[PDB]
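Below are the chains, spelled out letter by letter.
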Amino acid sequence: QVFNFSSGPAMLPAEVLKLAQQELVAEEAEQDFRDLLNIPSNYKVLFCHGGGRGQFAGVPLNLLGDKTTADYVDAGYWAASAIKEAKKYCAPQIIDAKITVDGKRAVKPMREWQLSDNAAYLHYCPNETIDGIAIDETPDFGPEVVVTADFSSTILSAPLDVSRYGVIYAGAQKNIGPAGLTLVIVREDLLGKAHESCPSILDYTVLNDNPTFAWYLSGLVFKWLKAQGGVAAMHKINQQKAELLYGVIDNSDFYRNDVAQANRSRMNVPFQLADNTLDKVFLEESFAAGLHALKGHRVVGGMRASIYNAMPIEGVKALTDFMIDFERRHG
Amino acid sequence: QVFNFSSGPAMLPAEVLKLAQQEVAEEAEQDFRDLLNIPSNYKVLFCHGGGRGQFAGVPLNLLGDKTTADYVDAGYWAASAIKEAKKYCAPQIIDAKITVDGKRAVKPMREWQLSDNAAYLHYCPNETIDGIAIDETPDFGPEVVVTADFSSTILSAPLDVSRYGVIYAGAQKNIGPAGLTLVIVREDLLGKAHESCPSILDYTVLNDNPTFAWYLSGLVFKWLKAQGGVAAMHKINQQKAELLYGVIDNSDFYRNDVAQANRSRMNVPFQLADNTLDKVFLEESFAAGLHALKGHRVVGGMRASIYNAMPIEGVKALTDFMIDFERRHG
Ligand SMILES: [Ca+2]
Ligand SMILES: [Ca+2]
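Chains B and A, in that order, give the protein sequences.
Residues 3 to 26, 49 to 234, 242 to 362 (PDB author numbering) are what the first sequence spells out, left to right.
Residues 3 to 25, 49 to 234, 242 to 362 (PDB author numbering) are what the second sequence spells out, left to right.
Since the hints were made in silico from the structure, they are not lab data.
A hint or two may mislead.
[Stated by the list, open to error] Taking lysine to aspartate or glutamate pairs in the EDC-like style, the calculated list, with each CA pair at most 16 angstroms apart, reads:
| # | chain 1 | residue 1 | chain 2 | residue 2 |
| --- | --- | --- | --- | --- |
| 1 | B | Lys112 | A | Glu220 |
| 2 | A | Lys254 | A | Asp98 |
| 3 | B | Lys254 | B | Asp126 |
| 4 | A | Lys108 | B | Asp59 |
| 5 | B | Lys326 | B | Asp310 |
| 6 | A | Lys111 | B | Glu220 |
| 7 | A | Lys108 | B | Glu51 |
| 8 | B | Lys108 | A | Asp213 |
| 9 | A | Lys257 | A | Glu17 |
| 10 | B | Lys254 | B | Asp233 |
| 11 | B | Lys91 | B | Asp141 |
| 12 | B | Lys111 | A | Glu220 |
| 13 | A | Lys311 | A | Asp227 |
| 14 | A | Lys112 | B | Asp227 |
| 15 | A | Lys68 | A | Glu168 |
| 16 | A | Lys20 | B | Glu25 |
| 17 | A | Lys112 | B | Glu220 |
| 18 | B | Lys257 | B | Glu52 |
| 19 | A | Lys68 | A | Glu220 |
| 20 | B | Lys20 | A | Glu17 |
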């Protein structure tokens, strides 16, 4: 059978597809999303068209207010993209959180992040798909820090204390499934200060007032999640999926992963082959074994396996069985 | 069977769904280019969102070093575009609304007072709520950059794309799939987006570097080609329009106040002579399988959208219903 380990567009749960097949709703989707994550009533939830990239502009356009600076954490590619886009609207104060721990790539803990007092908000990316770096720490800054975070590749994989954030956004294409949809969770008191020239389609206050198909699909994905035991159940399953894959990579001298354990992503697992010359055959033999889209991003090279909610444990097992046999044959 | 006359979100063609029922992306653009005969000096962008985004996207990409643009107001969507443009420039408003033979009309293009300092000219060729269409082919000088919101009529007729600077259309109306917006832009207009234009709205960035609505559109474009293309579609829409307007005009019971020359072939608003019967018309038509005919809250009355996907059998069921309703309530 075929398993697709692509980071985006990512796979759709086996059942959602089937349900989609046999049934061929509206407002329920949002309620289900609020229920799944236990979103407090003081948070507005917006469903807008477009990918997550839009919010690289959306956040500064809605939250700078009359301020001209904002704190941005750089710990990888998407965080750096957010920063490049923010320069159009403010002078971001860049917090370089990249460090080496035990010879591997890691990220400084939040208490060491140097925030500036004039910052309009703080922005960070809890999961970098290309780098395989995750920041799982729950934010706990004072009530004067407005925390904004890009949860595109990890929303719905673990419980989340939404109350600790100002804005949480996520393109639906990675961990939810349907492409073309973006979710924005926004603390209500932050509404009302969008730049006068912010396009209406990006204005949180305007959208807060006044339905695709990706909406329907997501609706089914939320029901499926609830039926699986929700975000707590998904967290358990993802924890085992990650352990199985990282376990195989670490017990082999043939496969390598250079990210500190505390910052290892549970959704995107990049790895290299010790003998780099075998990359071609690895991609050819894996592809010819039902294991799709493993080539790492051009920027980094190597291999990358995305194991989102939709990816079952059987899919990860097939990948690991293949890696072991391949090392057995080329090692 | 059920026929849905909603202006947006709109109906999908029967075959596209059956084809879709079982079970790629790059052909979609080539098929769109071919349907409309888009010249090679135009870029075609497929992006997310509805057409509303372009109310901002056009001025953000085309103002350049100018601070004004000419905007034609002959309806609701044209007025909304103007309202959004005030965020980026001082629009020079051309009031094209006139009365002809006692009915709502639009001033011919040669009477549009253009400004020399304008970065472009914007107009809406088909107003869904007002049922007003401006079918005239633009033929302004080469110093006029014409931009237009074709959301509600794209693909319903042949179009001389070479006469425009930018043509944009949300797909939710005449193509079907919500979530997709198509922008056709003459390549020489690229490269002057405002430095603060968000990247998702920047034509130059989108051009430099896929959804499901993308796949559906591909099916719709293939379906259109199999029907004989835009020329065929135009012919069928003409007949659908003639039937609906014909029945409305031949009755004293139903009224439409739009001048013949500006009658939309896609959005047909109408009132009942005795408007107290509005509730009953909606309940009985809904019960007869004729859905979403309620005219927009503002204008009131009734409105039937008859896009490419709406077959003539649907228009005929609507008219047979209108005729029987007059028999029973007239
Ligand atoms: Ca290893
Ligand atoms: Ca009449």
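Each hint, compared with the structure:
1. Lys112/B to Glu220/A: holds (7 angstroms)
2. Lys254/A to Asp98/A: Not satisfied, since the Cα-Cα distance of roughly 35 angstroms exceeds 16 angstroms.
3. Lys254/B to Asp126/B: violated (42 angstroms)
4. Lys108/A to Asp59/B: Since the Cα atoms of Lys108/A and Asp59/B sit roughly 37 angstroms apart, the hinted pair is violated (cutoff 16 angstroms).
5. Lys326/B to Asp310/B: holds (9 angstroms)
6. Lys111/A to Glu220/B: holds (10 angstroms)
7. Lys108/A to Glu51/B: violated (29 angstroms)
8. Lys108/B to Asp213/A: violated (26 angstroms)
9. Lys257/A to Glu17/A: holds (13 angstroms)
10. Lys254/B to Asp233/B: violated (26 angstroms)
11. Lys91/B to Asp141/B: Satisfied, since the Cα-Cα distance of roughly 11 angstroms is no more than 16 angstroms.
12. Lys111/B to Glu220/A: Since the Cα atoms of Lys111/B and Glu220/A sit roughly 10 angstroms apart, the hinted pair holds (cutoff 16 angstroms).
13. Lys311/A to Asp227/A: Measuring from Cα to Cα gives roughly 46 angstroms; hence the hint is violated.
14. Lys112/A to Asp227/B: holds (13 angstroms)
15. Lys68/A to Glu168/A: violated (20 angstroms)
16. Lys20/A to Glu25/B: holds (14 angstroms)
17. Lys112/A to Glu220/B: holds (7 angstroms)
18. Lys257/B to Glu52/B: OK: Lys257/B and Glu52/B at ~13 angstroms, within 16 angstroms.
19. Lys68/A to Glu220/A: violated (21 angstroms)
20. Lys20/B to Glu17/A: violated (22 angstroms)
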